[PDB]
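Can you build the whole structure from these sequences, using the hints too?
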Amino acid sequence: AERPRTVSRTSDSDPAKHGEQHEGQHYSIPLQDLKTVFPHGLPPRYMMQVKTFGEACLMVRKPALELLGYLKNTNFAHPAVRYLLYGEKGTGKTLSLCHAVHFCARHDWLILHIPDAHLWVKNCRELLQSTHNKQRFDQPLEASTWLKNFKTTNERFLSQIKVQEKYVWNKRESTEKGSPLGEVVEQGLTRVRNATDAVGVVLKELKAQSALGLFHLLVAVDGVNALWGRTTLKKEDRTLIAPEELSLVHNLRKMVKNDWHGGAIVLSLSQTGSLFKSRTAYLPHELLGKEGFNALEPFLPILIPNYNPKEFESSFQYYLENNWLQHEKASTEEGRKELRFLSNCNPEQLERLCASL
Amino acid sequence: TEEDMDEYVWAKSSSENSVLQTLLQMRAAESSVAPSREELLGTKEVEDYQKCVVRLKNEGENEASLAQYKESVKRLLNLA
Amino acid sequence: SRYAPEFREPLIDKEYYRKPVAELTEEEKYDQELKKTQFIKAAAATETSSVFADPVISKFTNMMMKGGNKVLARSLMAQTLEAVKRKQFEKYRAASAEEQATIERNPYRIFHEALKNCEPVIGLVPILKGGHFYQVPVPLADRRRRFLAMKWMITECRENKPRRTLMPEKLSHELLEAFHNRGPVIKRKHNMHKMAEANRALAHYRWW
Amino acid sequence: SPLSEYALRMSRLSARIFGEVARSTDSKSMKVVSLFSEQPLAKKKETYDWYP
Amino acid sequence: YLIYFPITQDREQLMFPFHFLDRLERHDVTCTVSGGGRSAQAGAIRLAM
Amino acid sequence: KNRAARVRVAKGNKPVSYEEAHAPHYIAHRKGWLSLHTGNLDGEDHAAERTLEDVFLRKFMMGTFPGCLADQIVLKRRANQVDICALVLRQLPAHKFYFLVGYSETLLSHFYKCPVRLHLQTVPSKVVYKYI
Amino acid sequence: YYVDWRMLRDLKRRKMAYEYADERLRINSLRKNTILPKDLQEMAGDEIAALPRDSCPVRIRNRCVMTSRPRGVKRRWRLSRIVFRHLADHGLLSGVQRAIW
Ligand SMILES: Nc1ncnc2c1ncn2[C@@H]1O[C@H](COP(=O)(O)OP(=O)(O)OP(=O)(O)O)[C@@H](O)[C@H]1O
Ligand SMILES: [Mg+2]
Ligand SMILES: [Mg+2]
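Protein chains in written order, with the deposited numbering: chain X, 35 to 391; chain 1, 241 to 320; chain F, 35 to 242; chain Z, 2 to 53; chain G, 294 to 342; chain C, 36 to 167; chain K, 28 to 128.
For the record, the hints were derived by calculation from the structure and aren't laboratory data.
Be a bit skeptical, because a hint or two may be false.
Claimed, not checked - Below, a list of computed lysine to any residue pairs in the SDA-like style, where the Cα atoms sit at most 25 Å apart:
id, chain 1, residue 1, chain 2, residue 2
1, X, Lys-371, F, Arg-143
2, Z, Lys-45, K, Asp-116
3, Z, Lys-46, K, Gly-99
4, F, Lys-53, G, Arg-319
5, Z, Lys-46, C, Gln-116
6, F, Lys-69, G, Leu-314
7, K, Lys-65, Z, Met-11
8, F, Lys-48, X, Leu-376
9, 1, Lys-297, X, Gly-323
10, Z, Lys-44, K, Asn-60
11, Z, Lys-32, K, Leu-78
12, F, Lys-150, F, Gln-134
13, K, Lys-101, C, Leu-87
14, X, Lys-85, F, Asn-140
15, 1, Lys-310, X, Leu-105
16, Z, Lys-46, K, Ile-127
17, Z, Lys-44, K, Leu-35
18, 1, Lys-314, X, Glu-57
19, Z, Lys-45, C, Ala-39
20, X, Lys-85, F, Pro-202
21, K, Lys-59, Z, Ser-28
22, F, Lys-69, G, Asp-315
23, K, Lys-101, C, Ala-39
24, F, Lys-48, G, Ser-332
25, X, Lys-324, 1, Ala-251
26, K, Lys-39, C, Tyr-147
27, F, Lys-121, X, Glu-355
28, X, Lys-363, G, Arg-319
29, 1, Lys-252, 1, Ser-312
30, Z, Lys-44, K, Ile-75
31, F, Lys-75, G, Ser-332
32, X, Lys-363, F, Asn-140
Below, the structure is given as structure tokens:
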């Protein structure tokens, strides 16, 4: 029947209203919030679902409700707390983290969202050296893409916040103290050479100014296990590089530390895209390692499990509510029972199996 | 060094430094006068957190053992 | 074969076994009682009672497989159906209520009706008589007619596609274009029929 | 990973106990140990007594 | 079984015994398959189940 | 056609023994092995030396008992002992066999440096398995 | 008498390589390293060359012990394929049978 179809949608578009009663219900994300809060960071297959269905709907779930609870009760005076979303493949860690990014975005926090951190430790076709420190390298294209997305998300706060120091980009170009933070971002996009340095200034400025009570800051890093792992980038000597040597990885490692206050850090682990990790590794120590685990502790691990019986039925009815499950036997009880066995209640496998059907 | 050791020793480790740094920032935000190192690491909250980290490092990491670590963090960080 | 000729092909129809005894024709009823004292072949790894298993689609997958790469061939077929479902959803959403009714969004029904549209009734077998190669009109069986439709599709996509396009994108665009009776595969079918009409008079030169 | 001082000094203490090469020796120089640890081909009973 | 058998066809082979008798979600199986490849190991389990 | 170790058909007048009648593919099926040592077992040494010693021991016994051997000899090695079991026709006088046994044993013990014993079973005439 | 003149020449190669095995070991050890001066290594490179050519153990060929056949030999029995088949097909090899499977 369609009894869970009533439970397959909720009218509370605002993430603050959501509570345990709303569990297993899909809340539509406003169109403006997609083109502002989420220009990046949504999984690639989910983005396909948003294009075909014509609407983004994120199931409310207990893991993401627990996280939103901690964020509401945040003690800004105390140091920032790192929340680590760890789970098996396809369980929804990225979309559980995106739910928190929507909650903070609506409360006027400053979103610092790193959609994927593995992209910065592999498949880099331009790797320059850094003037600030010659030992480090600069990834111009990777930094340039992030800045364009960071600008879109935080465009409102780019005029209020103002630099507290002077930054000399070139002999002929420098940033005077007091100028809006938008100038630092604008220079990075205009001059790709400085892009990897504009990012460092942005991270440094926001980290320092957040403690002044001007704004809240959400450091949302998905794929955080990339920072303290290994790379597949080679130097001019054809010798593999280390994560610290990269400028982008070096700056970000500071933001995920609890040495500041005035915001919250939300981290996610992803074996997908990871370098030199097993296919069946999902636990925090397996992916982070000894260096990554020690770097982030004390952190709060939030397990993202597979769909429970209530959530699986809600997900099944959502696909049926959009006419996605076009196979004649899918709507039947034997179809549903079959898909429950093949998918095994895994969110990703259910999406993949239903895509072909 | 710490890397050489086969059995984790929380005393004088990266964990103790990271924990002590957090507790020092937590007491400073409270506006209390700077506290002693032994005072911060003698509390029961820190005692339990030591036991959980050691279990993860030596006994083994699993969803059950990670759940115990989650509760210790909540008590240590005064989270609801 | 490692199966002696006394072995019987397995019947994997779930409803057939659970039907009431009276609902079964006595011919079918006889076979069940006979099969109780006979040997049955083990079911193949690709033979299941799943409600989503389509024999035609399973066959099309095997005709695309290369070197025993079934995972890749099944992936290409799964991606194709998805590529066709996503292409019809776009058109359905971007169409008026009147147009929306006609648009079909079931990929399994677009695949079967596409193949059927590419099946040739008659064929041409190439023969040599009098020192030249004279082909002659032939009537095609149900098995040869079905094979030809699938083979012509898997050959148009494999070869006559741009270098950077992928099979899930060329096959989807051909199943849908054939489903409307306008694709190149349909032209291949027209040519085979058209050639037979030209040679209809000279059907005599067949000995098989 | 690199070998710290504790790691390296333990390896030398082990090699000293187990009678293994204790210094850092190139692969080329390890053939001298093989030559003098293995019976040469010409000294094996199969070679010199191949024929009746 | 979703972890051990990442391939869809291998999981379907484990579904065939239960799905046939409409007994899905009514039994708990513990398997121990050693030897062969991915497809041969799923088939060995199917007969054992 | 295979010509190896096959006593080919005549016209029903050739008397073949049990050993001669059976072709190589019946080895280990209908007829056993004439020599039994441990040198061809898995992970065992000195196969080459045992095989060469057998070849000589077969040529030596033929020459030492010329025309007096009804069938191929059977060689049995246990520990360092060698045992030669031969079916011998009753052509020679009895005392001549005692000489050839004492001679052939002593000579073969000082040549291979092992204890060698000769076991002789005398038959009235060659045993015929079938006429081929 | 050995089977042929080729088996005799090989026998001498095997008896002179046994005589010069220690010598060619000690001298060649001085060259198979990177710890000694290259001047000494170049000089040992000439002492080894000066030894008689039949001392070199790479000039030994494994030949059938009974027919002196150069190729086709089986090292466990030291017999050519042709001679080994005669003994095997007759039940004269202990444990060797035809392979049917
Ligand atoms: N809360 C949710 N709402 C809607 N769909 C969801 C939700 N959680 C999971 N899914 C489905 O599961 C798919 C995979 O989710 P997601 O990529 O977020 O998981 P993940 O654990 O981060 O994956 P990976 O380990 O590959 O990084 C999504 O594309 C979507 O189809
Ligand atoms: Mg993810
Ligand atoms: Mg040679």
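Hints, one by one, checked against the model:
Pair hint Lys-371 (chain X) plus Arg-143 (chain F) holds up; C-alpha atoms about 23 Å apart against a cutoff of 25 Å. For the hint pairing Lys-45 (chain Z) with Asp-116 (chain K), the CA-to-CA distance comes to about 31 Å; that exceeds 25 Å, so the pair is violated. Pair hint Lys-46 (chain Z) plus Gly-99 (chain K) holds up; C-alpha atoms about 22 Å apart against a cutoff of 25 Å. Of the pairs offered as hints, the one joining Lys-53 (chain F) and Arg-319 (chain G) holds, with about 22 Å between alpha carbons and a cut-off of 25 Å not exceeded.
With a C-alpha separation of about 22 Å, the suggested pair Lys-46 (chain Z) and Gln-116 (chain C) falls inside the 25 Å cut-off, and the hint holds. For the given pair, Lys-69 (chain F) sits about 19 Å from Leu-314 (chain G) by alpha-carbon distance, which is consistent with the 25 Å threshold. This hinted pair does not check out: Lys-65 (chain K) and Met-11 (chain Z) have alpha carbons roughly 34 Å apart, beyond 25 Å. This hinted pair checks out: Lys-48 (chain F) and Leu-376 (chain X) have alpha carbons roughly 18 Å apart, not beyond 25 Å.
Only pairs whose Cα atoms come within 25 Å are accepted, and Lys-297 (chain 1) paired with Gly-323 (chain X) is accepted, the gap being roughly 11 Å. About 23 Å separates the Cα atoms of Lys-44 (chain Z) and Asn-60 (chain K), which keeps this hinted pair within 25 Å; it holds. Straight-line distance between C-alpha atoms of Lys-32 (chain Z) and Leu-78 (chain K) comes to about 22 Å, which keeps the hinted pair within the 25 Å bound. At roughly 24 Å between alpha-carbon atoms, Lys-150 (chain F) and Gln-134 (chain F) fall within 25 Å of each other, so this suggested pair holds.
Of the pairs offered as hints, the one joining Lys-101 (chain K) and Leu-87 (chain C) holds, with about 14 Å between alpha carbons and a cut-off of 25 Å not exceeded. Taking the CA atoms of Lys-85 (chain X) and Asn-140 (chain F), the gap is about 18 Å. The hint holds against a cut of 25 Å. Distance hint between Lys-310 (chain 1) and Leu-105 (chain X) is fulfilled; the C-alpha atoms sit about 16 Å from each other, no more than 25 Å. Straight-line distance between C-alpha atoms of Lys-46 (chain Z) and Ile-127 (chain K) comes to about 35 Å, which puts the hinted pair past the 25 Å bound.
Between the alpha carbons of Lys-44 (chain Z) and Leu-35 (chain K) the distance comes to roughly 19 Å, so the proposed pair stays at or under 25 Å and holds. The hinted pair formed by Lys-314 (chain 1) and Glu-57 (chain X) meets the criterion: a straight-line CA distance of about 23 Å does not exceed 25 Å. This hinted pair does not check out: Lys-45 (chain Z) and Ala-39 (chain C) have alpha carbons roughly 36 Å apart, beyond 25 Å. A C-alpha spacing of about 19 Å is found between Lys-85 (chain X) and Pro-202 (chain F), which places the hinted pair at or below 25 Å, so the restraint holds.
As the CA atoms of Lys-59 (chain K) and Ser-28 (chain Z) are separated by approximately 10 Å, the hinted pair is consistent with the 25 Å bound. For the proposed pair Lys-69 (chain F) and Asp-315 (chain G), the alpha carbon gap of about 23 Å is at most 25 Å, so the pair holds. About 19 Å separates the Cα atoms of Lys-101 (chain K) and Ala-39 (chain C), which keeps this hinted pair within 25 Å; it holds. Taking the CA atoms of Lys-48 (chain F) and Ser-332 (chain G), the gap is near 23 Å; set against the 25 Å cutoff, the hint holds.
At roughly 16 Å between alpha-carbon atoms, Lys-324 (chain X) and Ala-251 (chain 1) fall within 25 Å of each other, so this suggested pair holds. At most 25 Å may separate the alpha-carbon atoms for a hinted pair to count; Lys-39 (chain K) and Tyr-147 (chain C) meet this at roughly 24 Å. Annotation: proposed proximity of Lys-121 (chain F) to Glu-355 (chain X) holds, straight-line Cα distance about 18 Å (limit 25 Å). Proposed proximity of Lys-363 (chain X) and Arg-319 (chain G) is supported: the alpha carbons are some 21 Å apart, at most 25 Å.
Taking the CA atoms of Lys-252 (chain 1) and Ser-312 (chain 1), the gap is near 20 Å; set against the 25 Å cutoff, the hint holds. Simply put, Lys-44 (chain Z) and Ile-75 (chain K) have alpha-carbon atoms about 18 Å apart, close enough for the 25 Å limit, and the pair holds. Between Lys-75 (chain F) and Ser-332 (chain G) the CA atoms are separated by roughly 18 Å; this keeps the pair inside 25 Å, and the hint holds. A distance of roughly 12 Å separates the Cα atoms of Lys-363 (chain X) and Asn-140 (chain F); the hinted pair therefore holds under the 25 Å criterion.
This entry does not satisfy hints 2, 7, 16, 19, going by the numbered hints stated previously.
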